[PDB]
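Partial view: only certain chains, each at its native spot in the assembly.
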Amino acid sequence: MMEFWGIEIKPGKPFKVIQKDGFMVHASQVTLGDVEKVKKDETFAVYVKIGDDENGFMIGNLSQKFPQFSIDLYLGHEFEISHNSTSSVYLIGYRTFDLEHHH
Amino acid sequence: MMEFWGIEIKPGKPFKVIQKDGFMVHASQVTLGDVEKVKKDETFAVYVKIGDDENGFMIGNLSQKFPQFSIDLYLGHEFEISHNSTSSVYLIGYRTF
Amino acid sequence: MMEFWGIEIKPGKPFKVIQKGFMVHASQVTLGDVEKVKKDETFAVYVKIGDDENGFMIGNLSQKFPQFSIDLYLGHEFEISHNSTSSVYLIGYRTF
Amino acid sequence: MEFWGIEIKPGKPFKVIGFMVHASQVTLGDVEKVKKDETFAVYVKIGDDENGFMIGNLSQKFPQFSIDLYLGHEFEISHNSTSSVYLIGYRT
């Protein structure tokens, strides 16, 4: 019924998902990597661009003081996640399915 | 719960969302758009007004020190989001049945 | 998820709700007029159920932590109170 | 659905006996009066288990937290605050 889903968005490398209509992910958590190594008083932004949109929406900020945040977000069949951290950012959640077996 | 939705509420500019399709917005997250671009110790209020009712309700506060919060809100029909920040505020979630 | 629901609890005025098949889901509690409250105070928010004389704390508010989210169902009869000098906004949704 | 709540008094673990509690919210009482910069731990023990799980910490700086927890037939909530802690949610 549920499968774990997760991506590491590396610095300077937006993560693009291109799938068929009806593909969906529930994104739950966004976490800053290498907290000890990022510049101490900086805030980083995480963005989502939907479909062919040239402009994104901010989904939240990351910093030493707020180094992860929870969200209740559904992402559809075409999206791109980006951020401006020097560290990786981890976006995790789950897909939801019905299932039947023939044994 | 299968339609990403977001709006950017610009400073001084309430954002009206008018839904006539019987679906709703689930607001999930409220974020300050540019933490660097706000007065350092000030707190900003975010309001929602429902339909043509004149009374608004706070959905939360924002500041450089506390620049986002998660929420679980369903908003049908017509609503208006406003705030008094000098920065843009992003309300993000999904449209659902 | 049926419909937006919200109340403003004014200072010194506990807010009573009575319901029938209706449920209120409280989602968010927010401190009003943050700039005007004393910077070093914490305010307590209570719910009293039915005829109870004493409440349960649902949370604290302060200039430093001026709202909090919750996942609460409130049924037949409840009263929300707090000791802020400003209004407190409790919002969520009603279902049926 | 109905509202469910307990006040766990200082030094007094609170024992609860098909019915299920959803614990939603844990709040520190008398925030202004507890020790500055101290963190208090909240525990749950399930059934007859002698050793518990932490469900969270409370302090002046973080004086409540939300949780999504289902608790079954038999459990005990404890904490080490000098003030009361309020655990609320709903029963199903």
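Order of writing sets the chain letters: A, B, C and D. Residues in each chain are counted from 1.
The rule we apply is simple: a contact is a pair of C-beta atoms (placed from the backbone, for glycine too) under 8 Å apart; a residue touches a chain by one contact, two chains touch by 3 or more.
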Size of the entire homomeric complex in copies, 4 being in place: 5
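FYI, only the chains that are shown with their structure count from here on.
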Approximate Å spacing (C-alpha centroids) for the pair subunit A, subunit B: 21
CA centroid of subunit A to CA centroid of subunit C, Å: 32
Sites on subunit D at which at least two other chains make contact: none
Subunit D-facing residues of subunit C, complex: 23, 41-42, 44, 47, 49, 56-60, 64-65, 68-75, 78
List of subunit D residues in touch with subunit C within their complex: 1-3, 5, 7, 22, 24-25, 27-29, 31-32, 60-64, 66, 68, 86, 88-90
